[PDB]
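**Q** Each chain, letter by letter, is given below.
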Amino acid sequence: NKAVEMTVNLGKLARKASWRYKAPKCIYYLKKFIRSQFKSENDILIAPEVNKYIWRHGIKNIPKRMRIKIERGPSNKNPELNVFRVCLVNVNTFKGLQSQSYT
Amino acid sequence: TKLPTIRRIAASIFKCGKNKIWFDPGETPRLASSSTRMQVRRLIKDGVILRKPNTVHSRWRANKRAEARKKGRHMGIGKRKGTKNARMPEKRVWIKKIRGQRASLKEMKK
Amino acid sequence: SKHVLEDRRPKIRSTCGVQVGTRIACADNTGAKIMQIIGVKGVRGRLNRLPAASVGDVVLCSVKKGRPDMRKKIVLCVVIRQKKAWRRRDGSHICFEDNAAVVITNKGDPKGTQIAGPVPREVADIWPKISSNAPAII
Amino acid sequence: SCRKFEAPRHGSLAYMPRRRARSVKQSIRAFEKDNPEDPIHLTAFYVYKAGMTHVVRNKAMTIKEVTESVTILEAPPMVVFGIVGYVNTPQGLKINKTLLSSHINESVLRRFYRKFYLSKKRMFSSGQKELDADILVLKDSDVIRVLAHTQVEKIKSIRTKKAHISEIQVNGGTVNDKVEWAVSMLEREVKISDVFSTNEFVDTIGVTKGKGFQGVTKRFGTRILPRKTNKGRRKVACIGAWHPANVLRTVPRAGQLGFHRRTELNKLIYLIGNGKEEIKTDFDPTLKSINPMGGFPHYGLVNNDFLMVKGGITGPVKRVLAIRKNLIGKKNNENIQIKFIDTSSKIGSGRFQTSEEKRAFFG
Amino acid sequence: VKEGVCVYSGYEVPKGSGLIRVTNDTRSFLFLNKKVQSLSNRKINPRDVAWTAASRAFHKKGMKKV
RNA sequence: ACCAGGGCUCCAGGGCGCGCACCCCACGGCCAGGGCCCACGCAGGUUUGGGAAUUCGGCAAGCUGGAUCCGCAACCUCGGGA
RNA sequence: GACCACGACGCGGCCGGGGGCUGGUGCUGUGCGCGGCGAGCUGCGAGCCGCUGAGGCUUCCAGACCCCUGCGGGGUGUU
Ligand SMILES: [Mg+2]
Ligand SMILES: [Mg+2]
Ligand SMILES: [Mg+2]
Ligand SMILES: [Mg+2]
Ligand SMILES: [Mg+2]
Ligand SMILES: [Mg+2]
Ligand SMILES: [Mg+2]
Ligand SMILES: [Mg+2]
Ligand SMILES: [Mg+2]
Ligand SMILES: [Mg+2]
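Chains as they are written, first to last, in the entry's author numbering: chain LDD, 6 to 108; chain LR0, 2 to 111; chain LV0, 3 to 140; chain LB0, 2 to 62, 68 to 132, 138 to 374; chain LW0, 2 to 67.
FYI, nobody ran anything at the bench for these hints, they're computed from the structure. Treat the hints with care, since some could be wrong.
What the hints assert, rightly or not - Derived pair list, reagent style PhoX-like, types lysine-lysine, alpha-carbon separation capped at 20 Å:
#1 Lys86 (chain LV0) / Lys36 (chain LW0)
#2 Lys30 (chain LDD) / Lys17 (chain LDD)
#3 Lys369 (chain LB0) / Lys62 (chain LW0)
#4 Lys44 (chain LW0) / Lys369 (chain LB0)
#5 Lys36 (chain LW0) / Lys85 (chain LV0)
As the list claims (entries may be wrong) - For each label pair, taking beta carbons as the anchor points, the in silico distance ranges come out as:
#6 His58 (chain LR0) / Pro84 (chain LDD): 58 to 64 Å
#7 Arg48 (chain LW0) / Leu276 (chain LB0): 53 to 59 Å
#8 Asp100 (chain LV0) / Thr68 (chain LB0): 30 to 36 Å
#9 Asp49 (chain LW0) / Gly18 (chain LR0): 51 to 57 Å
#10 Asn46 (chain LW0) / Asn97 (chain LDD): 37 to 43 Å
#11 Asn337 (chain LB0) / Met64 (chain LW0): 37 to 43 Å
We put the beta carbon where it would ideally sit given N, CA and C, even for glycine.
Sequences and hints are given; from them, build the entire structure.
**A** So, in structure tokens, the structure goes:
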């Protein structure tokens, strides 16, 4: 049960999104990115602070980078099944930040 | 079924719009049990139901533009879209002129 | 056929900037000021394609304004300048400020005795008699 | 009745039906005419498209400086690992004998598998007592071709270890000496400089850039209908007469454009060099790689032997490309003297030739 | 082998790039690209455009000497 | 028909501006699949050079555009034209 | 992804990949912030200057750096 803290480029994840709907498709491409990164089919719980960060400048002007933190854990609904919780990491700059993992 | 009923009850109590009403998200089973205005007033008193403030429409930029216009800042040729008579009525100028001259002429006569 | 060019010259392939219908300046002192292109000498013709010319190409023109003995007359001229930038043979690109042509005779000699404005090396290579009447060759 | 104004046909019927190519690697459909008084030499090679630049060369006629687009085909040496012999049959050519080497490596047997990672690699488990019997029947052949594969891992920008196998005709004299050369060259690399040389014309065989399903205006260059046109302007309007009561195959219809096999003739080799060594010309005294600043766009850097070919080459970069000698005997009378090679950045429009030239500009 | 120096930016123009605009005064000006040409058509002084060599010479941030 | 239609009357706060025009905000009220975007569309931008050669025809598109100051012809029913 | 409407096609599936980050290469044109000029006005002040060819961006290229990371199902041949 690690906790991966990493920078995602929401520009690069949503290049194939429409400019008109960059924000909701960014949620789609992020959850598709988490599943390909950790090869799993557990649900991704996007924290509302993450979703508020993406829609910060409306639907077209998504921020380029975004530091997140992924917590594998059991589901509060059903503890039989694990789940991903993407939580937002507030950072002042992205220059030089390395992706890390810890428990 | 139940919580939009409370929202218009709390709106008629507050005399505001239903969209200006915030329910406590932790307190929905107490909200779903209450059904009378006496109970919804108790939820307002307990703070479960709040009236949100109105959305900010500040007049800072309008007042900053107004006092700048009083100095004459945005009064140039390129900032006029109505005619001279539309922007300042030629009749209103004459009436202000001739009534001032008529008043002081009488005040000389007295 | 009414306006023959008795000795036809080589053409230099470049981006054709003028066409039939292009109003061009007249650079020499023949008394013509603005001419409109009637046809281009040598053009085989394709379906729906307007015949287009580049610098050094022989062009038929009706003098749209100028001296009264010169106006409303079909004339032979050679395109000497072009607003469209064209790639030279060395691969650089050169653009002139206007579209200009110079009235020539049927033997290929210029009618005017001087040319206002410059000509490029393309007009100098094909028409040494034309570029002699110009001030500078660029 | 007759059409009012005549015009040429839109697009060649020589390339219709415009279908997709069956493969990405194209086999040589025709090698040059084998001359027995010629020395023994290979006739084709398989290269990979890296990118384009332009060179500057002196075009003697007085000397006039001209610049010309070239393209750079990275050519790691090809390993000859088999021989194929042919006989002239009244039905055509027939496989006389196929002789493989005892060694077939992981690159070239990646080609024989669809999913290699899940494979057990048991192809070509394969005796050397039958070599002399297989060489002897191979000496009875009429046409000798070697089986050569490319070394795709040497490029490393193309994420492909799976090799491209092809037959290359051994042209020279006395079929005895053809296979004696060919058994000498088994499991040996053949350089691009051994096959071709500079200022000689070659034919390039490749597959074009795929464009997908395209309409008739891109596929054939038919005229866009006027602005008033209901039901669409990028069409052919009349697709046929009443009689014959079918549509002819000569009518431009919408379909697949690109990813077609193309053979382009008389592509002149300007330079044969290596991607590691730095080129210097007589007129430009700077040692620089053939790789431009920032690498070749969508390719990378050339680290193997490269082929500089005048003009454009069929297909996108990183695609395999067959190159053969021309089937007619066409030599270049001109001698190409390359004055300058533009190694400026093709990302954007770079103005520096080297990164040292950029670092000197900014301090 | 370069084309020359740009008349506006002062940059070195590679061979094959640039445009030689001739202005009917028998004067030829070599411009580097279309960005430079658009500034020159708008009659913008190259000292106003901060990245050109004319402005860095004007602001004296261009260099240090030997 | 939970139909982009039609159907009498009343009530619009702030900014811009001549304007209860447009546009933005407030009040009040709202938000009804997924993925990928080939061709051809429908709707909308931009197209070097040429500039009506297109076409039955400048259709469509484009140019002009508010205001201030200046200047304003033939003609005319003397008012206009403007 | 070099192919592609969908199929198909091309590469690869831990000797692997993806993403970060750094460098390269470009584009834009000198960021926010702090501190000197600034027409004048009785401290305000558009703009300018310096730090700052800065900052933003880079979908292309490189990496010897950081992090993550699975191995399920279907079918058919041979003996
Ligand atoms: Mg009045
Ligand atoms: Mg026609
Ligand atoms: Mg119609
Ligand atoms: Mg490029
Ligand atoms: Mg209002
Ligand atoms: Mg145009
Ligand atoms: Mg017309
Ligand atoms: Mg017509
Ligand atoms: Mg007409
Ligand atoms: Mg109209």
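**Q** Each hint: holds or not?
**A** Evaluated hints:
Using a Cα cut-off of 20 Å, the hinted pair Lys86 (chain LV0) and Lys36 (chain LW0) holds, with the two alpha carbons roughly 17 Å apart. Under the criterion of a C-alpha separation no larger than 20 Å, the hint pairing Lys30 (chain LDD) with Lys17 (chain LDD) is consistent with the structure, at around 12 Å. In summary, the hint linking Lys369 (chain LB0) to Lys62 (chain LW0) is supported, as the alpha carbons are separated by about 18 Å, within the 20 Å threshold. Note on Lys44 (chain LW0) and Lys369 (chain LB0): the hinted pairing is violated, with a Cα-Cα distance of about 29 Å set against a maximum of 20 Å.
The suggested pairing of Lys36 (chain LW0) with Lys85 (chain LV0) holds, with an alpha-carbon distance near 18 Å, which does not exceed 20 Å. As the Cβ distance of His58 (chain LR0) to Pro84 (chain LDD) is approximately 49 Å, the hint placing it in 58 to 64 Å is violated. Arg48 (chain LW0) and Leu276 (chain LB0) have their C-beta atoms about 55 Å apart, which keeps the hinted 53 to 59 Å range intact. Between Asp100 (chain LV0) and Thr68 (chain LB0), the C-beta spacing of about 31 Å keeps the proposed range 30 to 36 Å intact.
Hint check: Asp49 (chain LW0) to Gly18 (chain LR0), Cβ distance near 54 Å, so the stated range 51 to 57 Å holds. The hint said 37 to 43 Å for the Cβ distance between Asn46 (chain LW0) and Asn97 (chain LDD), and at roughly 39 Å that hint holds. Restraint check, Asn337 (chain LB0) to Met64 (chain LW0): a C-beta distance of roughly 55 Å breaks the suggested window 37 to 43 Å.
Hints 4, 6 and 11 from the list above are not met by this structure, while the remaining hints are.
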